[PDB]
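Q: In case you want the letters, here they are:
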Amino acid sequence: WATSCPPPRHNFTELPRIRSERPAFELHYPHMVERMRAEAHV
Amino acid sequence: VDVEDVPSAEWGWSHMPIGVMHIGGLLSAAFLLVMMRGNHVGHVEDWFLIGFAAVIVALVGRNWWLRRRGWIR
Amino acid sequence: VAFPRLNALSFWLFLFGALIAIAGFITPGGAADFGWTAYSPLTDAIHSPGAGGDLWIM
Amino acid sequence: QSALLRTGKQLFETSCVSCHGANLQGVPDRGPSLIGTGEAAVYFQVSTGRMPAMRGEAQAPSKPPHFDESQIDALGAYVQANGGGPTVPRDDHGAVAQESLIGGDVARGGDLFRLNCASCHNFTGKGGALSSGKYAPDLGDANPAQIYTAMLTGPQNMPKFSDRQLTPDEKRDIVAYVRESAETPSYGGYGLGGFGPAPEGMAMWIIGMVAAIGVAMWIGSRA
Amino acid sequence: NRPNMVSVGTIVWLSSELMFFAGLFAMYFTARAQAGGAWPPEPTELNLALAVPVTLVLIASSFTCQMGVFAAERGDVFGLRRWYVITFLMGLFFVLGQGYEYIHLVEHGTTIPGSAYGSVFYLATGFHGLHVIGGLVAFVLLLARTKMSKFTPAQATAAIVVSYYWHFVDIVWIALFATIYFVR
Amino acid sequence: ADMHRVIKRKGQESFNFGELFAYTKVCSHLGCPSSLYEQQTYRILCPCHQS
Amino acid sequence: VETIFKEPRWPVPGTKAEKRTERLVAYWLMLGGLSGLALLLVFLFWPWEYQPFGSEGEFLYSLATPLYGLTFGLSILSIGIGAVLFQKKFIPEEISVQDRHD
Amino acid sequence: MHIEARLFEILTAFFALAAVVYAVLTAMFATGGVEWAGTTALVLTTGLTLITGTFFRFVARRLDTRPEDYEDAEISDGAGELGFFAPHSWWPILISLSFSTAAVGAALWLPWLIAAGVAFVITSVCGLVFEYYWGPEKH
Amino acid sequence: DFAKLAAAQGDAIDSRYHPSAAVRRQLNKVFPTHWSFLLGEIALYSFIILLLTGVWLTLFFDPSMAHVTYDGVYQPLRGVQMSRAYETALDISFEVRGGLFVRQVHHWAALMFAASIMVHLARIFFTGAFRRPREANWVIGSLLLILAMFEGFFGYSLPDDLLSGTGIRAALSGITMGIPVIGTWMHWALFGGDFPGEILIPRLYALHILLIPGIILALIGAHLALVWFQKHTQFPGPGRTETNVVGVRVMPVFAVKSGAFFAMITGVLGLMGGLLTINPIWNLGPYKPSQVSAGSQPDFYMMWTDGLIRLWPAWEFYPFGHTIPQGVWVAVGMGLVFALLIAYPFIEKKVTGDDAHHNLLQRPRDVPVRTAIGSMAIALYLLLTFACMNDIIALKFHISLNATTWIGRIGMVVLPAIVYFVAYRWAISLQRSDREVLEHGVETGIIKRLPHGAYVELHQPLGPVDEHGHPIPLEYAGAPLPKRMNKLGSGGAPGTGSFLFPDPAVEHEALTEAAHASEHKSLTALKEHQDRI
Ligand SMILES: CCCCCCCCCCCCCCCC(=O)OC[C@H]1O[C@H](O[C@@H]2[C@H](O)[C@@H](O)[C@H](O)[C@@H](O[C@H]3O[C@H](CO)[C@@H](O)[C@H](O)[C@@H]3O)[C@@H]2OP(=O)(O)OC[C@@H](COC(=O)CCCCCCCC[C@H](C)CCCCCCCC)OC(=O)CCCCCCCCCCCCCCC)[C@@H](O)[C@@H](O)[C@@H]1O
Ligand SMILES: CC(C)=CCC/C(C)=C/CC/C(C)=C/CC/C(C)=C/CC/C(C)=C/CC/C(C)=C/CC/C(C)=C/CC/C(C)=C\CC/C(C)=C/CC1=C(C)C(=O)c2ccccc2C1=O
Ligand SMILES: CC(C)=CCC/C(C)=C/CC/C(C)=C/CC/C(C)=C/CC/C(C)=C\CC/C(C)=C/CC/C(C)=C/CC/C(C)=C/CC/C(C)=C/CC1=C(C)C(=O)c2ccccc2C1=O
Ligand code: HEC
Ligand code: HEM
Ligand code: HEM
Ligand SMILES: CCCCCCCCCCCCCC(=O)O[C@H](COC(=O)CCCCCCCCCCC)COP(=O)(O)O
Ligand code: FES
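Residue numbers (PDB author numbering), protein chains in the order written: chain A, 519 to 560; chain B, 28 to 100; chain C, 116 to 173; chain D, 72 to 294; chain E, 20 to 203; chain F, 320 to 370; chain G, 65 to 166; chain H, 1 to 139; chain I, 4 to 536.
Hints listed in this document are in silico derivations from the structure and should not be mistaken for laboratory results.
The beta-carbon is built from N, C-alpha and C at its ideal position, and this holds for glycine as well.
Incorrect hints may have been included.
[Said to hold, decoys possible] Computed beta-carbon distance windows for the label pairs:
| hint | chain 1 | residue 1 | chain 2 | residue 2 | range |
| --- | --- | --- | --- | --- | --- |
| 1 | G | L127 | D | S73 | 53 to 59 Å |
| 2 | I | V425 | H | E71 | 51 to 57 Å |
| 3 | B | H49 | E | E36 | 54 to 60 Å |
| 4 | C | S155 | E | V202 | 41 to 47 Å |
Using the sequences and the hints, build the whole thing.
A: This is the structure:
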């Protein structure tokens with residue numbers, strides 16, 4: 519979900535920083551990065 | 028034909044009239060339908076002839092209708 | 116993928132292998148009739164002599 | 072021998088009632104009557120493995136036999152006792168005759184085979200296709216007794232040649248040609264199946280033309 | 020600095036190939052438990068005067084195959100070719116030795132339709148012999164590629180993964196040889 | 320048992336001696352001997368062009 | 065006709081590759097000569113007469129014609145292989161252009 | 001790549017435990033003694049994970065941390081050529097057709113078709129292996 | 004010694020005939036080296052082998068229909084009544100040393116001859132070599148293919164065995180006699196009365212040994228002379244124009260290659276003649292009208308005619324107390340195919356309107372309509388050929404015989420349509436594949452990760468590049484384009500030496516330097532020639 523629809527021949531014109539299992543969500547919503555780390559545990 | 032459709036359009040025979048393929052397909056289905064006339068007593072083959080003829084007629088009709096409406100060229 | 120040509124080989128091996136097993140329906144005897152479990156000795160040549168079972172195996 | 076009859080019936084009950092009936096009268100649309108077929112028909116149908124059949128189709132194929140020689144004789148005697156019929160030839164020791172059935176005139180057997188058999192089994196018993204799903208199987212595996220019983224009983228679509236239409240000596244000549252035409256090696260190289268031009272054209276295209284074109288590639292150039 | 024992709028793919032496939040021999044092993048053991056006391060039964064008479072020298076040749080082929088790997092890792096294409104040609108010859112000798120064993124076993128009454136032991140013995144050893152033949156084809160194909168282009172690291176990788184298959188084949192035979200000729 | 324299924328051709332109703340029938344062995348299509356007689360299906364097959 | 069390219073196959077003399085290639089061509093020609101001599105020998109001395117079915121000489125007779133084609137075929141084929149190799153390894157490579165004037 | 005083989009070692013231990021337990025539990029209070037088919041399959045199922053896990057264990061301890069094995073690596077750390085990946089090839093469909101020809105021959109038991117299929121497979125496999133290694137034509 | 008004799012003989016020849024200017028012209032003629040150009044030599048070499056083996060066979064063959072009693076060594080036929088034609092055919096294969104080898108080589112040579120024409124005709128059709136000024140050369144060849152078909156058909160009818168005698172009875176007799184009005188008069192004029200008669204085999208023997216081969220030889224000589232003075236068409240490429248021929252001269256490169264190819268073709272036929280049994284007439288027996296075996300297939304070149312008979316329905320007409328049988332459909336259809344094959348170049352020049360001089364061939368991908376039409380014809384021919392083998396296929400492959408007839412019947416109309424559509428799309432798609440190389444270069448297969456995470460594939464430009472690095476798009480020139488880096492020399496060379504031991508390093512360096520120097524000069528010569536013209 520961090521690439522175009524459809525993806526190019528080699529699937530990626532760029533890659534984001536990978537820090538969790540939701541890299542695209544972090545890329546599209548940078549402001550939610552702090553919330554996900556804080557609220558991850560019940 | 029244009030070079031956008033057939034890149035080597037100027038290097039050889041690259042266009043066949045659509046009327047030839049449409050009439051040939053209709054004659055194709057008609058020949059399948061006339062072959063039910065024969066000495067065979069079974070009808071399994073007849074249903075196969077009918078199905079293939081119907082498929083050919085449907086393809087010809089779809090192509091003709093789409094070319095008439097202008098969706099394909 | 117790691118092996119692009121091996122990836123393409125899997126598709127065609129899968130397409131032609133499936134067609135071989137299905138091609139039993141065009142034989143006069145028919146295709147395999149012992150169930151997908153192919154329990155023995157029902158699949159033995161004595162009990163399943165037709166070529167439909169052999170095409171199913173291959 | 073009462074031992075041979077009750078053994079045959081005991082084998083028959085758990086293997087041949089579902090399609091042929093308990094009293095050998097036949098089950099309609101499942102199997103014909105076995106009355107009058109004789110021991111020769113049972114011997115052929117069981118020793119060739121054709122029986123017991125497994126399903127209804129265009130033609131019941133041959134397969135490994137479900138009984139051994141002793142059980143075949145018991146089954147044959149039980150069917151023979153119900154309606155009579157032809158019997159399989161036997162030798163001096165009472166065993167099924169195999170070598171004594173080989174005739175001495177193979178030239179006569181060849182002409183008889185070409186008149187009476189070649190049409191369905193091909194020039195050299197390689198088999199041939201029939202109308203709808205049926206076929207004349209290749210004759211290279213049948214022993215002389217099986218060929219004799221096939222000629223006697225006429226299985227499935229093969230004509231039931233009687234001992235009057237084809238005399239025992241004529242039958243022995245035919246099986247001599249059948250047995251020798253299968254055991255004779257090819258003289259001009261690999262036999263290519265013995266089916267005639269059809270394998271010959273296939274072999275040419277896949278071997279000589281491939282080699283000729285492959286050699287042309289090596290000598291010639293691309294682009 | 021990275022794992023060899025071809026080596027990982029070959030090792031992964033080699034592990035899966037072992038399950039194919041697992042099915043053959045199960046058939047041999049199932050028939051052995053139903054033998055009744057005679058395994059192998061008459062008239063099968065296994066002789067170690069031929070299997071042992073044949074087995075030793077296949078084991079020695081692994082050492083020369085490893086020598087070719089060292090030459091390949093060293094960049095010496097000619098050293099790789101010499102060792103792999105020697106390995107191919109001994110591997111061919113193994114196939115001929117197995118076939119010569121097959122001929123005498125058939126003449127003495129041990130065949131696939133003849134007995135249950137013949138079925139499991141020929142399927143287990145015959146399928147391994149097919150794997151040996153496939154390995155010999157791999158040697159020829161790899162050596163033919165050595166005459167096409169300069170000795171590159173990817174080409175040296177292909178030499179290593181071929182030796183992986185040959186080592187796998189040799190190890191499987193040791194299990195087959197010990198299970199058939201000693202654990203009767 | 321199959322004599323009730325026999326259909327006679329006009330002018331040939333008495334050409335058979337009971338259950339014995341005689342037909343020419345030459346195929347009417349191109350002259351090949353059509354001698355592949357199936358006893359059960361009562362079909363005469365010509366090996367040349369499958370008549 | 066103008067030959068725009070014409071060069072010898074071995075500009076560098078005294079190389080082991082040239083001698084190795086020379087032997088390779090000779091080996092194929094030698095095989096053709098050996099097979100041609102074999103064809104002469106099998107045609108004269110191999111049992112060629114037909115033997116009846118079940119006879120002791122049937123097997124040898126069945127290999128008479130196969131041996132004729134193997135020796136004859138391999139002989140001229142090897143000569144052809146050697147001739148191709150000589151052209152591709154010793155006859156100088158040339159590119160020639162001819163005006164059609166058609 | 002320490003996680004990858006830890007996956008296989010974890011599977012290896014369970015398969016070894018199941019193979020041992022099943023063999024012992026079938027040796028006792030089970031009709032016919034040891035059930036050989038399942039025991040052989042379970043024992044060599046452990047072998048599959050053992051070979052792959054052992055190889056990954058040896059590869060892991062040789063090379064240091066990779067960019068995809070780092071807990072805080074940057075995208076720019078992976079810059080460089082990855083390797084060779086085939087752009088296109090029609091050989092794979094020929095290999096499958098060659099293999100399917102042999103299977104059809106084996107299904108109907110036609111030795112000539114089996115021989116043709118095996119020859120086709122060898123030629124098709126040769127083309128795939130040699131596709132990116134054939135040199136230019138020499139004339 | 005040996006040098007003086009050649010000089011003396013050369014002067015003696017020149018003094019009496021002065022063939023110096025003419026011979027030098029033949030030695031300097033340039034022939035293109037393409038592999039597909041050798042497809043016409045295979046048919047020519049097969050014909051020569053047929054002449055040599057055919058002459059040998061005439062020394063032992065008696066083509067008589069008189070019935071005799073067999074007295075040869077073949078025990079399974081001792082005493083069997085047979086014709087003299089079948090008598091001597093057995094004598095050749097059993098009583099003459101090498102007769103079986105010669106007879107098998109002859110019939111294998113016929114199969115290669117027929118197969119070579121079909122393959123050679125395919126290249127002429129697909130590459131456009133039939134265009135002007137070569138319309139008549141196509142026409143002459145089309146007659147040669149028809150003559151070869153009937154010559155082969157008469158060839159295996161000579162032994163008068165059961166298999167071929169059945170083929171004669173159906174094809175030569177029933178179809179001929181079924182023709183309307185004059186059909187029975189043609190049968191009487193050819194058989195001398197009714198089938199089989201007593202003069203068919205001698206007449207077929209004469210037609211097969213003198214007349215048809217004599218016409219073929221005359222037509223072949225005209226074919227070779229036309230393709231020897233009209234020149235040979237070449238594929239487009241570097242330095243190739245409509246007014247020149249690029250390749251090698253006859254002496255010595257082309258003569259050696261042609262002669263070596265003849266030796267290799269003979270070896271292939273010699274091996275097949277002595278490794279594969281072909282036409283074992285003794286297993287079939289003498290022909291009797293009351294006998295008939297299954298799988299009565301003719302030779303593969305005559306299968307499509309038989310397949311047409313098997314597939315066409317039983318449509319007959321009975322006008323005014325007459326009969327028009329089913330064989331008339333095959334007879335008319337057979338003639339229609341030959342008429343279309345002969346007159347195709349004129350049909351295309353009428354349809355396309357192209358009536359210009361053509362010396363450069365067309366790649367089949369660049370003419371999608373003709374390629375699709377030819378693929379359609381090939382598919383139809385293959386289906387007709389396999390329909391003749393429907394009974395054989397039914398037995399071996401477990402297919403209903405009724406199904407095979409209807410599969411061929413329906414496929415006779417559906418399969419050519421499918422193949423035409425697929426081939427037309429395939430031909431255009433290959434044009435797109437050629438284009439992608441032109442504007443983007445050769446895909447090297449190496450994937451590179453950029454610092455920002457982009458994945459790009461390294462491309463090898465075939466020409467000049469931009470300041471950004473992207474290659475300038477190139478224009479298609481009708482020539483094949485490289486698609487593999489190894490074909491461009493990126494793989495290098497393994498190293499000079501034997502297969503097991505290396506040569507000294509100085510020798511390897513000298514050899515590789517000479518090779519790199521030679522290839523550069525060859526490319527430069529072609530480039531300089533192309534630039535000049
Ligand atoms: C440069 C190019 C030039 C070279 C070209 C030359 C190539 C030819 C090579 C081969 C030459 C061999 C010469 C020896 C001849 C010989 O001495 O002959 C022996 C006997 O052998 C067969 O007897 C079998 C039994 O022995 C009998 O006991 C049994 O009875 C009998 O059974 C028949 O008879 C029964 C009734 O009796 C019926 O019941 C039954 O059904 C059947 O009919 C059996 O025969 P059968 O099953 O036919 O085959 C059995 C075959 C198995 O098949 C085969 O060979 C298949 C393979 C070849 C056949 C032809 C190719 C097929 C092509 C197709 C088109 C494939 C389809 C593809 C589709 C794609 C396209 C479609 C769109 O096993 C074998 O021989 C094993 C041998 C294998 C040897 C392989 C050769 C190695 C070459 C290596 C070269 C290295 C060179 C390197 C150089 C550097 C019969 O022939 C006998 O008459 C014959 O007598
Ligand atoms: C029982 C039994 C044993 C009997 C079997 C009988 C039998 C089948 C016998 C066959 C014997 C045969 C065929 C033997 C001869 C084989 C043979 C060709 C010889 C070997 C040659 C060889 C090994 C070469 C090495 C050295 C050598 C002599 C080189 C070649 C020499 C020459 C002059 C070549 C001869 C080949 C030849 C006939 C043609 C070359 C000359 C020319 C110009 C060819 C004619 C020609 C050609 C070929 C075109 O391609 C062409 C294309 C387009 C337009 C026109 C033409 C055209 O006219
Ligand atoms: C009217 C007409 C044209 C009839 C044909 C109709 C028809 C259905 C044909 C083929 C049917 C087949 C092949 C049935 C088998 C079942 C099956 C697997 C179906 C196909 C499934 C499918 C389409 C998908 C799998 C992928 C695929 C395309 C693979 C199939 C490849 C194969 C095996 C095709 C071969 C079929 C074929 C027609 C070939 C026969 C060639 C000939 C002429 C053989 C003659 C021949 C014979 C018979 C010998 O005995 C012999 C003995 C020794 C040496 C040589 C030969 C020899 O060549
Ligand atoms: C076509 C109508 C046939 C004629 C004429 C002959 N045979 Fe036949 N035969 C035919 C079929 C369809 C079958 C299979 C029947 C079955 O019940 O499965 C057979 C069978 C045989 C056999 C058995 C072969 C075996 O599988 O080993 C033999 C030995 C045999 N046929 C021989 C034979 C002879 C000698 C014939 C001339 C008198 C003959 N057959 C005629 C079809 C036809
Ligand atoms: C006896 C059969 C035939 C023989 C021996 C034969 C021989 C040849 C030869 C040797 C050549 C030159 C080499 C080549 O281009 O391949 C050639 C060229 C040619 N042949 Fe054939 N040929 C035969 C049949 C045919 C057929 C069937 C056709 C077409 C229907 C045909 C048409 C041509 C044409 C047009 C050329 C022109 C050559 C060219 O321009 O490239 N020939 N023939
Ligand atoms: C295009 C050329 C030719 C073709 C295609 C051809 C084809 C054939 C074929 C297929 C046969 C049957 C072979 C067999 O019986 O097994 C045959 C037989 C024969 N051919 Fe030819 N032939 C050709 C030229 C010649 C020539 C030129 C002669 C004689 C000079 C000749 C003489 C014979 C003889 C005598 C027979 C029969 C003897 C026998 O059956 O073996 N042929 N021909
Ligand atoms: C069966 C044998 C039939 C005759 C074959 C003759 C073969 C030997 C030819 C010798 C040629 C002498 C060349 C020479 O340098 O001497 C020359 C003889 O004078 C000539 O120019 C002869 C011209 C006619 C030659 C035509 C021969 C065609 C043969 C084609 C072979 C492919 C001497 O000239 P010079 O002094 O060297 O300049
Ligand atoms: S000859 Fe009987 S079908 Fe044509």
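Q: Hint by hint, say whether it matches the structure.
A: Each hint, compared with the structure:
1. Evaluation of the 53 to 59 Å hint for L127 of chain G and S73 of chain D yields a pass: the beta carbon distance comes to about 57 Å.
2. The given range of 51 to 57 Å is respected by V425 of chain I and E71 of chain H, whose C-beta atoms sit roughly 53 Å from each other.
3. The given range of 54 to 60 Å is respected by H49 of chain B and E36 of chain E, whose C-beta atoms sit roughly 55 Å from each other.
4. The beta-carbon spacing between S155 of chain C and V202 of chain E, approximately 26 Å, falls outside the hinted interval of 41 to 47 Å.
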